[PDB]
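Chain by chain, the residues:
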Amino acid sequence: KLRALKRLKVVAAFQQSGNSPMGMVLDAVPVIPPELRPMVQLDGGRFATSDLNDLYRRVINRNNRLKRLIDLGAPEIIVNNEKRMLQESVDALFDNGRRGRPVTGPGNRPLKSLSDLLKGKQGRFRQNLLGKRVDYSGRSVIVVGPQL
Amino acid sequence: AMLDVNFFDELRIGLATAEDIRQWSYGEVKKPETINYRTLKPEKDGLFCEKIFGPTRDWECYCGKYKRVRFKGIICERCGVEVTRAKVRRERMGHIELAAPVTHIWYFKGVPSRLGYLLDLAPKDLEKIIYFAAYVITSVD
Amino acid sequence: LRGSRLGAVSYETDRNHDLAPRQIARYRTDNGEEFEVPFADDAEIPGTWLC
Amino acid sequence: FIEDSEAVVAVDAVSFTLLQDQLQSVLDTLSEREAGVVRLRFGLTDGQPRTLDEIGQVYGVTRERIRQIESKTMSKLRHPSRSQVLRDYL
Amino acid sequence: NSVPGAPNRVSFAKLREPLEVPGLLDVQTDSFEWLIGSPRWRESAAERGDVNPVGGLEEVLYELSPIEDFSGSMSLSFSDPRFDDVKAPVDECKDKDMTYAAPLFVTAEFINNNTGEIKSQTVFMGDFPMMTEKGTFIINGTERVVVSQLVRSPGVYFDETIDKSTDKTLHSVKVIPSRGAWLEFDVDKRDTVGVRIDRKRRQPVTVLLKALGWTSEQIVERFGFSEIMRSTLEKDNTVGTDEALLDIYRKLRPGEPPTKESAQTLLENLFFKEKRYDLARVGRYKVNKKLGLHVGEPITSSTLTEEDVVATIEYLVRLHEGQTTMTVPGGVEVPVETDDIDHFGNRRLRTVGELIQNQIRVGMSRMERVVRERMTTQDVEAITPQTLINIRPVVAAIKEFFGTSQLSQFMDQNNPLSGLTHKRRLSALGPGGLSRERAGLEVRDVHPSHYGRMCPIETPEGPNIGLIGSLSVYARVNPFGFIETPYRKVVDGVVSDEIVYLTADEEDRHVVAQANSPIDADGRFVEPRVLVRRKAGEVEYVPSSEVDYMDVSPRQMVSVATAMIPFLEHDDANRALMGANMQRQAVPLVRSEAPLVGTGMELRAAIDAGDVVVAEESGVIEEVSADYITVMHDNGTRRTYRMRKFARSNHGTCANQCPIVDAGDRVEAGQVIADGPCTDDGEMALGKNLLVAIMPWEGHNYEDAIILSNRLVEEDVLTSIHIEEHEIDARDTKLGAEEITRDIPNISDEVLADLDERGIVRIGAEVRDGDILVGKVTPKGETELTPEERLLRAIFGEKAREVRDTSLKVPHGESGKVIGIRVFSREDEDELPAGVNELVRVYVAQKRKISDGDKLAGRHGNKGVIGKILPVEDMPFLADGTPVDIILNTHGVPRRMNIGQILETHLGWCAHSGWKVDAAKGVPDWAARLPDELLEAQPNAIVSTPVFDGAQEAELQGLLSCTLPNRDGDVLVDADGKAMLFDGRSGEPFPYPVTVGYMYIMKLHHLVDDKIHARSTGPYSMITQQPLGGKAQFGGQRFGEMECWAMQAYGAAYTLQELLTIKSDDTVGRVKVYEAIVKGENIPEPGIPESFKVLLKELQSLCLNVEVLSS
Amino acid sequence: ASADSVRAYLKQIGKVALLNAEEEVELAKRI
Amino acid sequence: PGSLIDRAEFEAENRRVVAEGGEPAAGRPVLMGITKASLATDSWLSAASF
Ligand SMILES: [Zn+2]
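Chains as they are written, first to last, in the deposited numbering: chain A, 289 to 436; chain B, 0 to 140; chain C, 6 to 56; chain D, 438 to 527; chain E, 30 to 1140; chain F, 223 to 253; chain G, 1177 to 1226.
With the rest of the complex left out, here is chain A:
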């Protein structure tokens, strides 16, 4: 009865939303606008990625290679491995650190998947949506005025 209850919850949830769970099988995958993942050039030529560039690049490379292998007609080993790697990288991009060890880079620093921009304490939902620097502002040290 209880196992039915918890299952009963999500199934009716989909039934009442009328949302047809297909949203779990993600076909054509959307790409976030370029400016939200800036490639700023710090003066001196040193470019600055945003680490969403790198993850997106990984997914795109693996998708291109998968398409290529499909056209060639590689044995089931290679095609299935590459589909596995697509799935792995899409999963990494939508969250890095889940379903296995984090996908890292230089300095063995874990990357910043879209989720790590919308989770924990450094996501928008626990940060700059709390406090904002404001223009028309100042500060200074205070003294007592027994004349005002």
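One or more of the hints may lead you astray.
So the derived label-pair ranges between C-beta atoms look like this [unchecked claim]:
| # | chain 1 | residue 1 | chain 2 | residue 2 | range |
| --- | --- | --- | --- | --- | --- |
| 1 | D | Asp-465 | B | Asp-44 | 47 to 53 Å |
| 2 | D | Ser-512 | E | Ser-1045 | 37 to 43 Å |
| 3 | A | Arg-353 | E | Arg-421 | 32 to 38 Å |
| 4 | C | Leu-55 | G | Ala-1201 | 56 to 62 Å |
| 5 | E | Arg-421 | F | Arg-252 | 50 to 56 Å |
| 6 | E | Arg-421 | G | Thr-1217 | 54 to 60 Å |
| 7 | E | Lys-846 | D | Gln-521 | 31 to 37 Å |
| 8 | E | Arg-403 | B | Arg-21 | 54 to 60 Å |
| 9 | E | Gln-438 | G | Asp-1182 | 52 to 58 Å |
| 10 | E | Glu-410 | B | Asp-44 | 54 to 60 Å |
| 11 | B | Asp-44 | D | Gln-494 | 42 to 48 Å |
Straight-line Cα separation of at most 30 Å, DSBU-like style, residue types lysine-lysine; simulated pairs [unchecked claim]:
| # | chain 1 | residue 1 | chain 2 | residue 2 |
| --- | --- | --- | --- | --- |
| 12 | A | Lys-355 | F | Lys-233 |
| 13 | A | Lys-355 | B | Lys-29 |
| 14 | E | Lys-809 | B | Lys-43 |
| 15 | E | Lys-1122 | B | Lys-50 |
| 16 | B | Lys-123 | A | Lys-294 |
| 17 | B | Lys-86 | E | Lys-809 |
| 18 | A | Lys-355 | B | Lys-127 |
| 19 | A | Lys-355 | B | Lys-50 |
| 20 | F | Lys-233 | B | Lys-127 |
| 21 | B | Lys-30 | A | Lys-355 |
| 22 | B | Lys-86 | E | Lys-1108 |
| 23 | A | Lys-409 | E | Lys-1060 |
| 24 | B | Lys-123 | F | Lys-237 |
| 25 | E | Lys-280 | F | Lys-233 |
| 26 | E | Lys-318 | E | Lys-197 |
| 27 | B | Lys-66 | E | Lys-828 |
| 28 | E | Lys-229 | F | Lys-233 |
| 29 | E | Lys-1126 | B | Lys-66 |
| 30 | B | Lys-29 | A | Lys-400 |
| 31 | E | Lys-1122 | B | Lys-40 |
| 32 | A | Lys-297 | B | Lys-123 |
| 33 | E | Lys-828 | B | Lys-40 |
| 34 | B | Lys-30 | E | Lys-1122 |
| 35 | B | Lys-29 | B | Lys-40 |
| 36 | B | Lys-127 | A | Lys-400 |
| 37 | E | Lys-1122 | A | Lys-409 |
| 38 | B | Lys-40 | B | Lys-66 |
| 39 | B | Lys-43 | E | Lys-763 |
| 40 | A | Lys-400 | B | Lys-123 |
No wet-lab data here; the hints were simulated from the structure.
Even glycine gets a Cβ: it sits at the ideal position worked out from N, Cα and C.
Please arrange chains B, C, D, E, F and G with the ligand on chain A, whose structure you already have, making use of the hints.
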């Protein structure tokens, strides 16, 4: 939306279908290219393509034919970049037509496995089905 | 540090009245979906296009 | 911590609007032929910079006359009366 | 005293301290020269610890020596470390941004076993950084200091807990060694003994004991008295060394085939084959002492001995048995206790020497790996250590240590004391220690072992209290790294002068008396009942026969900076802590007056801080000039000491050094020859002796605020010079080359006037916010010109000159003169980073005077901003007409428990007017115990009260009642210590007498000009479009979450909408707001921010259709 | 866990038996 | 069963369901801590911002 107001009265979340996705996108990225190494301009059909994602320069197309406001809302017939303001790159999205289907990581692995309940399979069992390590019979007579 | 995305910015009023008239052209895809492509009047319209 | 050295400077944009206004008034001090030649020569009406032959064609005169009106108008504007008003924008 | 040119400063010391203050920078210098192997440390070992030399580097080479291949055919032994001469002197390195280093040379030796050769060379190992004379590393051109760290010492920690489910004592042991593994022998809820080895699922003893070669019969043989071990023997559930060790290999190595030989070898590999297990020298000595295994045996064999394993098990089971002492066969018995992780017998000081040794090891192991890999790939009969050694790893390790590390910090040098106190600093929050979040709150308390080894007062008052402290005055670090402490040995009730140093363990063993005890001029105590300290921090009145050690002096518990606070024993610990933490923040004034009342630590804290030139060997001065002193060392030789006039410190303050000698004076070795920034005649002087009165005046000195005369500003009493550095690089760019040239696109000749020709300002031009210090023009290329701009450019006859302007401009509010300009260029072969053709640094400087908001503080924690600088006539003046200079508040004194300032005040006045003990009828009892030549004193005569043996209150009363009149017959300050002030403003006398005196107050480095900030519209962040942050940029103040709550609570909705839309993020709204303000129109209605659209595109990017539908 | 797809791949490719020039000639002729 | 619902919704549901055939849903008051009280906010936006 594309055009916004302060009359926002309902923020409604909900999973998105790919049918809704290839109607969001203003183009499709297909090449893993960020910016040319020598001229430092975005690539065509890359991850920064101005045709897909809008100009980097205010009211200028890529090849420089149209370079002023009087040409706005139009698309230059040779480089294909729609001449407009250069903050659309904040808002225009792309999509990627995959060659094979793929599944999420949020509605599957996150405890409890929403898919795991949905199709009536345990999480570990599914982690062998959607990572290509076990067949599945879809129908039979 | 001070950096900026390689680019430029303009400061001109976005006059919505005196522009160059456009001309919407239809481009059918292989599946058949239609995708409007506004073109200028004096503008050689290409036969094919990336939609 | 990365100042975007491309943002709207706020004061720069409003200053450009004020420059537009002041220049429009000063040019309106010019005669009709003079105002027209200046606006067309520097593209103040559409953003397209018309050149001497086009301006002489739309006014139906020779380009030498256009250049002379051009020089005369420029010298008139160099006069401190209508000049010092616009110096600060530069 | 004992310093040739000592200010004659009369002390109130009733006691007589035997031992001198040590070489206050020994904790750095001796550690580093231990690392090198200098002859100084060699002779020091010859004296104490002459057993053998351990040259740091040497030990690393020996332990590494040799690198043997797996086949065992080829060996390499780098040996005999050697040092060359420093490539450049200090000042040149500091100016040209070079790291002050010296090369390392090492004799490598490669030997082939099968054929037989040795290939000896002298391999350049790398440029190793060097300590300066002041105990600092000049790394990268700055002055970085490596702070000593406190970490748990390797050893055996026997500890026990209670079990509320059973109410039984559960003892346990851990032997956490260096570069080894963890092991736990525990006694569980039942009467069995878990032996968890390397973190995985416990073990009964018997498995190991048989695997250790001990049969059940032998187990009984040694553990017969151990009824718990005998019961565990009954519980053994397994017998046999082979089977036990086999099950070991099967379990500890899960699933690994438990073949006997691999298991037998694995036992050694983990515990006895020292390549994967090395409890170091420190841990070995610690465990030797604990188990008493060996005494005279040299400290060696830095690997585990199974002999010690069985002793550990026996000691543990007897600890559970409740035994007092235990004798191990082959060693002297030891007592049975537990251990704490604070007691300084278990926390050690990984000094700079040991830290650099560890980092060099982290380098050498990588080198060894690479060397052996290449050796295997390389062909034989062709290679040599030159072709084997890769010196990249060592250089990389040393660089990443000195630069880019937590424990190598910029020497905070605001005043010399802050320098000498950034050294001698103990910091527990280092790599290999604990973070400020994993900080057990039991590590910050002053465990009673800190007495004489770490000051309980001085710690930063931020979120670091207890994690950072400072060494005591007399503390000295044991070779092993345990903080020793000097005591006096009292024998047969006779206090001697044979100073003996003791660590915390022997501090616990023996029993310690007090220095302020009645010694009867023979070493003999007087009263039998004597104050004393027992092992567990207890305080007891022992009869005067069992005391075997006495403190060397009072003020032994205390640091260097806190020992400079007069009347410290009267102040509360909170305000004394604050006083010590702000005595390091004074700024060097232009006059630098010595404190009228102080301790003995003003002279010894300057002659040892390095900011005072010292006469190296006796001589007579010949040429004394503001830049150079030439001393004629008696035997022929002469030497020119050179000053550093107006040299920028690491926090923008002056570093002048003016001489104090004349052309005919004779100097002795060790004498002060030239004052530094904060010094006067050699005595640390951080502030000025200002006249202070303690009335609350007109509410300007309300709640810690302080008012000042205008005399302080005018006569330049309080005034600090600040030298700021600006820097512009002419980096290469793709479009072209940035040229530092006078001409700049729009810059007119008016502003250009300052720039000379090269582009730099001229030395002396008074720059102000917006001036062109360095004129640099950057290529821009052709860009479109707006029609309007083209028209204006043509009408006014100004062309484009596309090359854009990016000249350096003095930051907002950073005016002053240009002291000096330093230009580095590639043409001069200056080694600028790649891409920089020219880097010019301009040193602007300003003579900041005291100002409303500047922070002033005494030596007692009584900080406060300057509420108002009143003119000189509206200041309460005395009956003599002398105005008071500051006026503190009264209400801050009694509730903060820091009446030190009051005593300092009264004594201060006594020291200014000078006293004359009315001993005509014999010395009054008030001065019966006061030293000689204190029965009378002169005006402005300097006095000193040591910290814990200072001026007894009675002494102050009598002195205050015995001052001599100023010029007329006028005793201005009566016996009570108060005076009749006249109101300078109204005129009427104050109806009640008021306390006046001379208090020594400082100028802290929290000036207003560094803090005031404003922004209307400035730079903007990149990804999000908020205003930027910090005074370096403009930035705004974070209107954080709590302020949003505050204005939600008021109900101010429109203001909240403003501050969160059209002042921070509404990108199209900000420019409209500015335009509407300038045009004088209603501020536009705000829009959606740019943090509810990035979110929307992210949610439409994580495939969650977030949409807005009004209906 | 077995999340290492490196392992998930190596254990897979360790299956098919390794071949020789003899079988290589036969295979190439068949191909 | 075991789920926690707002009182007003509970009473309104009972008012609706007494008609169309009468059956009461049995409710008992619960005391929950402030943290748990916040966790049951209806708005997903604030719920996630928590
Ligand atoms: Zn184009």
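To see whether the hints hold, each was checked on the structure:
no. : hint                                : in the structure
1   : D/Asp-465 to B/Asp-44: 47 to 53 Å   : 50 Å, holds
2   : D/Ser-512 to E/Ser-1045: 37 to 43 Å : 40 Å, holds
3   : A/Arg-353 to E/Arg-421: 32 to 38 Å  : 36 Å, holds
4   : C/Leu-55 to G/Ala-1201: 56 to 62 Å  : 60 Å, holds
5   : E/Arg-421 to F/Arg-252: 50 to 56 Å  : 53 Å, holds
6   : E/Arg-421 to G/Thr-1217: 54 to 60 Å : 57 Å, holds
7   : E/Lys-846 to D/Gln-521: 31 to 37 Å  : 36 Å, holds
8   : E/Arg-403 to B/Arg-21: 54 to 60 Å   : 55 Å, holds
9   : E/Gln-438 to G/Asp-1182: 52 to 58 Å : 56 Å, holds
10  : E/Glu-410 to B/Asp-44: 54 to 60 Å   : 58 Å, holds
11  : B/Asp-44 to D/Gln-494: 42 to 48 Å   : 44 Å, holds
12  : A/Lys-355 to F/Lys-233              : 25 Å, holds
13  : A/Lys-355 to B/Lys-29               : 11 Å, holds
14  : E/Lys-809 to B/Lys-43               : 26 Å, holds
15  : E/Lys-1122 to B/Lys-50              : 22 Å, holds
16  : B/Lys-123 to A/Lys-294              : 18 Å, holds
17  : B/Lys-86 to E/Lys-809               : 23 Å, holds
18  : A/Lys-355 to B/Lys-127              : 23 Å, holds
19  : A/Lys-355 to B/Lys-50               : 24 Å, holds
20  : F/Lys-233 to B/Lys-127              : 15 Å, holds
21  : B/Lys-30 to A/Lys-355               : 13 Å, holds
22  : B/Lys-86 to E/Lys-1108              : 26 Å, holds
23  : A/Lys-409 to E/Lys-1060             : 25 Å, holds
24  : B/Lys-123 to F/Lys-237              : 24 Å, holds
25  : E/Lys-280 to F/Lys-233              : 25 Å, holds
26  : E/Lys-318 to E/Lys-197              : 29 Å, holds
27  : B/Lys-66 to E/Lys-828               : 22 Å, holds
28  : E/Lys-229 to F/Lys-233              : 28 Å, holds
29  : E/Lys-1126 to B/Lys-66              : 29 Å, holds
30  : B/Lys-29 to A/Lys-400               : 22 Å, holds
31  : E/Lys-1122 to B/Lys-40              : 26 Å, holds
32  : A/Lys-297 to B/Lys-123              : 21 Å, holds
33  : E/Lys-828 to B/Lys-40               : 29 Å, holds
34  : B/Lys-30 to E/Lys-1122              : 27 Å, holds
35  : B/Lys-29 to B/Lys-40                : 17 Å, holds
36  : B/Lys-127 to A/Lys-400              : 26 Å, holds
37  : E/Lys-1122 to A/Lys-409             : 19 Å, holds
38  : B/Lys-40 to B/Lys-66                : 17 Å, holds
39  : B/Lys-43 to E/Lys-763               : 23 Å, holds
40  : A/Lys-400 to B/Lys-123              : 26 Å, holds
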